[PDB]
Amino acid sequence: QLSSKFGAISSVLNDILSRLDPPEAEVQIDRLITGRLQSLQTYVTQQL
Amino acid sequence: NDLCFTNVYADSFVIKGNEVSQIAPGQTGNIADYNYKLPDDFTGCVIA
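In order, the protein sequences belong to chains C and A. Under PDB author numbering, think of the first position of the first sequence as 964, with each following residue one higher. Under PDB author numbering, think of the first position of the second sequence as 388, with each following residue one higher.
Keep in mind the hints are simulated off the structure, nothing from the lab. The hints are all genuine.
Below 20 angstroms or equal to it, Euclidean Cα-Cα: the simulated EDC-like pairs (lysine to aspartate or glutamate) are:
(1) A:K424 <-> C:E987
(2) C:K968 <-> C:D984
(3) A:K424 <-> C:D984
(4) A:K424 <-> C:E989
Generate the whole structure from the sequences, applying the supplied hints.
Set out below in structure tokens:
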């Protein structure tokens, strides 16, 4: 699930950072962070 | 009206017409690169 875009420009942080302005890049990073954190939470609950 | 300013500052600029759009948080361009830089989390107002 690290390769899923989650409705973003890309799935690699480096390209997002060195492709857009700081505000839109921050928005994209926030979306990616939310998706990955939900993935971790789901995995942890299943493990529990 | 309340809780408005703590360390308020005023700045005076003189630029061209097709240049005010380049003066904003996170902006890029010659004026932002070499003349004046605004912080990304700039909590203020711009008057032109």
